[PDB]
Each structure stands twice: as structure tokens, then as C-alpha cells.
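Below, in C-alpha cells: the form deposited in one PDB entry, a single chain.
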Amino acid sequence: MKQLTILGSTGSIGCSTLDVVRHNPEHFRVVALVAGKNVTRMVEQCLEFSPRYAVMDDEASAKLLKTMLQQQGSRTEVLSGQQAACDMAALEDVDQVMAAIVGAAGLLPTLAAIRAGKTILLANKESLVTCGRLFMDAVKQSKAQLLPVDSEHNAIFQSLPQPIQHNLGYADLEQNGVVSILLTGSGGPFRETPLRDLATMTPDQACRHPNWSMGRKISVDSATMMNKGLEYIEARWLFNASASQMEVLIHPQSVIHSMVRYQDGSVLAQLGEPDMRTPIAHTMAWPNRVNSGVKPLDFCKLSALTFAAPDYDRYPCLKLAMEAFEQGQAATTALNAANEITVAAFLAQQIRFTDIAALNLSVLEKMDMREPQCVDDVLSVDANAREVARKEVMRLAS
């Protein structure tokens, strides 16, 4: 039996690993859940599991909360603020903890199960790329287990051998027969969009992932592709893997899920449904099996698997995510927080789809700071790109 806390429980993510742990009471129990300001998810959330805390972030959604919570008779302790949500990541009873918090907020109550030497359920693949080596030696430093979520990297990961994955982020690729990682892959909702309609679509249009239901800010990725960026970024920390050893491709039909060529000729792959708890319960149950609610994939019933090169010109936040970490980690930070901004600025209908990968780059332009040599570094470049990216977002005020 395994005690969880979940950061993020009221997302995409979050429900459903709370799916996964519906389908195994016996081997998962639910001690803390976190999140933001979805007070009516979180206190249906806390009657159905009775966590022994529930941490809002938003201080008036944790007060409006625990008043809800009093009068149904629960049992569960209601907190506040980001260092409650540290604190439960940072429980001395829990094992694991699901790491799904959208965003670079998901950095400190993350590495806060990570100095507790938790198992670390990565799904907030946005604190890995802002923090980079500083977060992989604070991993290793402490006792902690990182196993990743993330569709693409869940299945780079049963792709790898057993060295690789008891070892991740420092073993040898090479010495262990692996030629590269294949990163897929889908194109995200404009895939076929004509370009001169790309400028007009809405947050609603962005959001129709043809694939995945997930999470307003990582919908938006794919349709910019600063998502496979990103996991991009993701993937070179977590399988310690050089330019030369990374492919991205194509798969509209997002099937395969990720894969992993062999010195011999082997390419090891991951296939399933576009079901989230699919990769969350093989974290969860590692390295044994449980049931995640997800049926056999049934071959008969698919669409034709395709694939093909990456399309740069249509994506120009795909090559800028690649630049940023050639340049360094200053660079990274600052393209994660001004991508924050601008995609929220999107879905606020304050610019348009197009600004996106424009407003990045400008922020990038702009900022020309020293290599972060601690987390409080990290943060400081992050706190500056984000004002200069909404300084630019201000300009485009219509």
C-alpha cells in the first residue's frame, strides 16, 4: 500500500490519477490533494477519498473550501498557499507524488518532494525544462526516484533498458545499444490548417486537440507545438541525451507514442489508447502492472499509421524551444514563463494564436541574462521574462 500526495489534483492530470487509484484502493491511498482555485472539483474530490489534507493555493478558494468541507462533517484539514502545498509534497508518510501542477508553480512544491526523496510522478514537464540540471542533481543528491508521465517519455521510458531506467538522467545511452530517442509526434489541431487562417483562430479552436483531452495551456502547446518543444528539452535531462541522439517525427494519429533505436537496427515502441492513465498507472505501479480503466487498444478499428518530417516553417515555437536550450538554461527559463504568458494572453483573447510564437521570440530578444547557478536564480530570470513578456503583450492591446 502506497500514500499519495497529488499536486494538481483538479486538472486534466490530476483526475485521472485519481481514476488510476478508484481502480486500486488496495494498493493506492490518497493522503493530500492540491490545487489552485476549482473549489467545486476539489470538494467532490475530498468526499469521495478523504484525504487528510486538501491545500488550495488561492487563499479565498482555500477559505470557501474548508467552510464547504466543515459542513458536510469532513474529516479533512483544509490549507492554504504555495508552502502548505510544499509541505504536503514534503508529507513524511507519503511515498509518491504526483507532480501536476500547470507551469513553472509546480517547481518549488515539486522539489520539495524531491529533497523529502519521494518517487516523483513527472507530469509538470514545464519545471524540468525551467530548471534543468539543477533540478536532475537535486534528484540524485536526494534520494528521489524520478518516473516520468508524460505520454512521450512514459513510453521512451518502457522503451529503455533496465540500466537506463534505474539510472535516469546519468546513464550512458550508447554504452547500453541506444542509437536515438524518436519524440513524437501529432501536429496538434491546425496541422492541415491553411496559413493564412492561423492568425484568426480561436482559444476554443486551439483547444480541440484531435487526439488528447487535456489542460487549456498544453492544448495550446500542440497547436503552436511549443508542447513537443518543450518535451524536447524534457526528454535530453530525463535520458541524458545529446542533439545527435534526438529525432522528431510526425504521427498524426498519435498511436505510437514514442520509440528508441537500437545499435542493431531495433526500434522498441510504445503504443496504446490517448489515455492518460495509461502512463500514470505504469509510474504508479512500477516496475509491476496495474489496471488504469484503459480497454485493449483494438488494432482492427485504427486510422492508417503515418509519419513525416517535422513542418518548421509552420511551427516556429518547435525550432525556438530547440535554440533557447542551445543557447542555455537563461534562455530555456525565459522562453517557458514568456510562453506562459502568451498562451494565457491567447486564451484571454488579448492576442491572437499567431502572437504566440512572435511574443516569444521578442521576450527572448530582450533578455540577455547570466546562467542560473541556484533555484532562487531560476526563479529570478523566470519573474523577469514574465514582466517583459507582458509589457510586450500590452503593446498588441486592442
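Think of the rigid core as the biggest set of C-alphas that the two forms share within 1.5 Å after superposition. Residue numbers count along the first chain shown, from 1. First, how it differs from the form deposited in another entry.
Among the candidates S213, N291, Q72, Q83, the CA atom that moves 2 angstroms or more between the two forms after core superposition belongs to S213 alone. With the core superposed, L47 shows a C-alpha displacement below 2 Å between the two forms. For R390, a C-alpha deviation of 2 angstroms or more is recorded between the two forms after rigid-core alignment. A243 shows a C-alpha shift below 2 Å between the two forms [criterion: core-superposed Cα displacement of 2 Å].
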Second form
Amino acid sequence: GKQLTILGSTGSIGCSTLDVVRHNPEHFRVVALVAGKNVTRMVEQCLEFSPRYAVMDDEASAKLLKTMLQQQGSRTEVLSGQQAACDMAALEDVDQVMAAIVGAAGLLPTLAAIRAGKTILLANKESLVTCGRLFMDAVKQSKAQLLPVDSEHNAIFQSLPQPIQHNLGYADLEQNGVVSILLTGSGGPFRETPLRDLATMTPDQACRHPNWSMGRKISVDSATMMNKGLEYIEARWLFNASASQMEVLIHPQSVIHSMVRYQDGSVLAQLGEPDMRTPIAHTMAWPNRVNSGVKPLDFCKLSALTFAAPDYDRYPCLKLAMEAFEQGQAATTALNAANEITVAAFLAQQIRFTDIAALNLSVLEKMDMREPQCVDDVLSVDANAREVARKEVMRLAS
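Okay, that was the form deposited in one PDB entry. Show me the form deposited in another entry next.
Below: the lone chain, stripped of partners and molecules.
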């Protein structure tokens, strides 16, 4: 049985992760759960998985949770605050750490797990976007095994040779017969929309994800392909890949999750249903496999699979992300920050769908900052990009 702490257990990934342990109680044991303010869900989780510790990121939620657990008879030790989260992510006992706390708050805890040499199930994919360097450096200096939970990166992981799977992040791609990494995306809902109409697209239209359903912010990112841009940035750090070793390909059906091209012409791909339990279960069980609860993909009920090259005039955000990577970590975290503001602004109906890319570009032009040397520096860049982003939204909205 492997012991693990789930960073961000009340969220979607967290629940999908707990579902997987539910399918394999003999294989996994939850030692600790860490969450934010969703006390009700945290209570059910503690009552069902009996963790040694339950941590909230707030004293008000911790006491509120502590009262309910005691009322229910649970003796799970309650804690509060980011420091506690970091302690859970470094417990001598635990083997794996499901890093699913999104945003800045996930940085330090995830870093703690890495330093503690734990096996990290990286769901907090945005932490490579901002601390790619720091994180990969720390990963190598501790030999902590990184296992990407993101569907695209996981697909690539599974399609990569074993020597790279181990030593992930500092292994030599070319030396292992790998030509390039093929990152796939659906192209969003506006794949075939006339460029002329992109400026008038509405939040509800942009939120109609082509295949499966998901959050509004991440849906918009899928429509601008910024998600693919952020994933591009992450992949470069994660698989130690150069610009010429990366390819982006639109694949509307999203049956293939991503691929890897090899020296001899071979292309290895991972395919499957749109259910996060699959990549999650893959990482939790690696190098082996376990039942995930996901139905077997039925090839006889699929839409014909197609592919196409990404048109940059249609996806300026995708080009913007690629260009930013070559500029530095300051640029990528700034791009991420800005996109956070502009998308929320678009959803709030303050700016046009097309204003997302332009404003995003605009913020990077104004930044002009030095590459961070630590997390605290990253937070600094992030914060400055958000205010600049907010000024432009207000400047454009007024």
C-alpha cells in the first residue's frame, strides 16, 4: 500500500483521485488531505478515507471542520495554514503527493514535496509555467520522481521511453531516439468560425467546450488555445525539450491525447476517454497499472479522427505563449497572470473575446522584468502583471 497526501482534495482532481483509491483500497492509503474552505466535502472525505491529518488553509475553516469531525466521532488531527500543507507534503511516511492545489498557494507545498524527495503527481501544471527552472532544478537535486497528471503531458509521458520516464526533466530526448513531442488540442469551439466573427463571440459561446464539459475559465483558454500555450511551456520544462522538438497539432475529436515522434519514424500515442481518472490512476500506479473506473474506449463509436496545423492568426495566444517561453520565466508567469485577468474580464463581459490575446500581448510588452530566482520573486512578477492587466481592462472598458 502506498501512502499519500492529497494537495487540494476537495477539487475535481482531488475527488477523481479519491475515487481511484476507492477502486483500489488495498493499493492506496490516504495519510493526509489538504484543502481550502469547502468544509462539508472535507468532512465526507475524512469520514470515508480516515486520513491521519486534515488541513484547511484558514483557522476559521479548520475549527469549523474540527467541530464537525469530533461531532461525527472522527479523530483526524486538524491543522491550518500553508506551512501545515507543506508539512503534509513532506511526511516521512507518505510516498506520493498529488499536487492539485491551483495557483500560487500550490507553489510552496509542491516545492516541499519535491525537496522531500517524494513522488509528485503533478496536477498543479501551472507551477511549471512560473517556476519551471526552480522546480526542475529542485527535482534533479532530490531525484524526486515527477509524474504529470495533466492529460496531455501524461499522454506524452506514457509515450516516452523508460529511461526518460525515470530521470524526467533532465534526461536527454535526442539521446533516447526522440525527435519531437506532439501536443494536441481540440482547437476549441471557434475552430471553424470566420475570423471576422471572433470579435463578437459571447462568453456562453466560448464556454461550449467541443467535446467534454468543464469550467468557464479553462473553457475560454481552450477557445483561445492559451491552454495549449501554457501546456507548451510546461512540456518544454517537463521533458527538457527545445523549440524544434515541440509540435502543436489540432485534433478536434480529442481521442488522441498527445504523441511522441521517434528517430526511426515511429510515432507513439496514448488514446482514451475524456476522464481524468485515467491519467491520475496511471501516475498513482506507475510503473504499473490499476483499475480506474473509466470505461474502455469503444473504437466503433468514434468520430473520424482528423488533424490540422494551428493557424496563428486564429490563435494569437498560442504564438504569444511560445514567444514568451523563449523570453524567460518572468514572461511566462506574467503571461499566465495577465490571461487570468483578461479571461475573467471577458467572462464578466468587460472586454471582447479577441481582446484577450491583444491585452495579454500588451501586458508582456510593458512588463520588462528580470527572471525570478525564487518563489517570492515569482509572486512579485505575478502580482505586477495582474495590476497592469487590470488597468488595461479598465482602460479599455472605460
